[PDB]
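Just one chain follows, in the form deposited without this ligand, and it is written as structure tokens.
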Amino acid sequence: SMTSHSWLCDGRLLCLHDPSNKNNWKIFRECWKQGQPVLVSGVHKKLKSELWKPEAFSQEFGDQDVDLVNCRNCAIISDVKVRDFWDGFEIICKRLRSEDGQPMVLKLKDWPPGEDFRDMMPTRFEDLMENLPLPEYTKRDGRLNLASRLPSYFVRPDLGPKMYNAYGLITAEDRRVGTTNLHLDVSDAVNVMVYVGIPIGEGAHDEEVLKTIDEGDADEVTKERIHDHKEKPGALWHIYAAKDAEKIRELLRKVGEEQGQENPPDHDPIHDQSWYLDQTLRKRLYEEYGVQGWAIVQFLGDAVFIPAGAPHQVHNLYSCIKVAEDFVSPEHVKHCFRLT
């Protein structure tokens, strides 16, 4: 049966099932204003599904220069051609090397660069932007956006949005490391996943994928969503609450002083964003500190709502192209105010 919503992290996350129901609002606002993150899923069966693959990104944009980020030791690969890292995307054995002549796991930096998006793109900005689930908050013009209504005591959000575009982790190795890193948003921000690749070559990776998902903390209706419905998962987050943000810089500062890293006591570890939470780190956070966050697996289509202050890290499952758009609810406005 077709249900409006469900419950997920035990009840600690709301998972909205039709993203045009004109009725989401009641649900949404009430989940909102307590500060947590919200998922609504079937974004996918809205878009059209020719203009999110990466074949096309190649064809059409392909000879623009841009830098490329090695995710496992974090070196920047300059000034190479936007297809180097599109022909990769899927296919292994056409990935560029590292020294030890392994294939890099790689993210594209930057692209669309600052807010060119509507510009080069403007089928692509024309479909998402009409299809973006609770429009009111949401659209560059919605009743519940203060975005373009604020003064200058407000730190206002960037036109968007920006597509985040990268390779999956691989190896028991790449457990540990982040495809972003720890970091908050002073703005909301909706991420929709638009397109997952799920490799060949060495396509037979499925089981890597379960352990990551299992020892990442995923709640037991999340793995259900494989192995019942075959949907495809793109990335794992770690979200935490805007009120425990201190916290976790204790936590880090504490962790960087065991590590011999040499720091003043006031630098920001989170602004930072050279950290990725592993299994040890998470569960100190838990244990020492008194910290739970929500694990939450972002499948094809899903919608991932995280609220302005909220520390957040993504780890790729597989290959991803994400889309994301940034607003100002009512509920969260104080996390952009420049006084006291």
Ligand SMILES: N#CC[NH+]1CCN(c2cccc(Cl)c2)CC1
The other form holds:
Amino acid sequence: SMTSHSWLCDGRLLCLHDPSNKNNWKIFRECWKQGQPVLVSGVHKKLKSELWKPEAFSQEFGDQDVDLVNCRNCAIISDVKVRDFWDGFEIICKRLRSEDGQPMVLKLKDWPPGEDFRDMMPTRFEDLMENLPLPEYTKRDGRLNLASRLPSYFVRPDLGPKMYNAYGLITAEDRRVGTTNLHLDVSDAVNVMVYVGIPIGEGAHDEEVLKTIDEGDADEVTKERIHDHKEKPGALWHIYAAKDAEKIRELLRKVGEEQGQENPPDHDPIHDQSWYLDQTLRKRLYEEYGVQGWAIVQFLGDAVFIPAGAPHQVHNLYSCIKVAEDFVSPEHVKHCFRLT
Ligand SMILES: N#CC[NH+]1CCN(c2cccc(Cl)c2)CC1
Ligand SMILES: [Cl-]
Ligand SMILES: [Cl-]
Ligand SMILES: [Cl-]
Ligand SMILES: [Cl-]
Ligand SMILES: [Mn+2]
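Requested next: the structure of the form solved in complex with this ligand (the form deposited without this ligand having been shown above).
Time for the whole complex; same chain goes first.
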């Protein structure tokens, strides 16, 4: 039977089922006030699927100049054409190769660039913004979005949205690498999975994905969602409460010193965006500092709500197109205030 919502993370994560239900705010606002992330499923069913395909981005925008990142070693591939990324998104025999002769796991950096999404892709901009869940929070002029209403005593988010495009991580060694390293944002955000590409040709990485989910600490109901085999999994997230950010900084200063890094006692390993918490580090955070997080598998059409100040990291299981919008809820406005 259709239902309004369910729970993941053993009851610690709200999952809303109908992205356009006018009563979602009643269930959402209690969890949100407590500093929890929230998941909303089904947004892909609201969108024009032909606007969110890799082949369309390559056809329309392929001659633009861009930089890529090699996810395995953080090397920058400078000043290549955006088609060199898009044409290898699903077809492994078309990917740029490292020296070792393997196909690379690449991230497309800052594309569309800065605040240019709306000007470059007006039809994509309209399709996303008209279908975002919790619209009183997430639309540029929603009644519960303070972004347009705050003085300069508050850090205001840039004009969005922002697209996040990267290949899936493949090997056993890749399990310890991030697509996006551990960081935090002073604004709230909603991140929507608009396309998942599951490859062919050398796309025999389905088996190692079914060991990542597990070691990633995903709950039994999420696992039930993986093992049912009805929906496409895109990315594994770990999110931590804003209140636990300093304890995470303490762990990462201890680990940096153990690994012979030479850092001042006050430096900020979360702002540096240089760490990915692997299974070893997540267990050390729990055992040594008493910190628990949320392990979230984002499927096609899932919207992840990330609270302001909450440290978070992202690991792509398959090739993903994500689109994110920043907003400033009244519940979390303290995180962007410039004093005390
Ligand atoms: N729409 C659709 C059909 N989908 C094909 C891909 N399926 C898949 C493939 C690899 C891993 C996991 Cl968990 C799921 C899900 C069903
Ligand atoms: Cl908070
Ligand atoms: Cl467009
Ligand atoms: Cl709303
Ligand atoms: Cl990163
Ligand atoms: Mn972020």
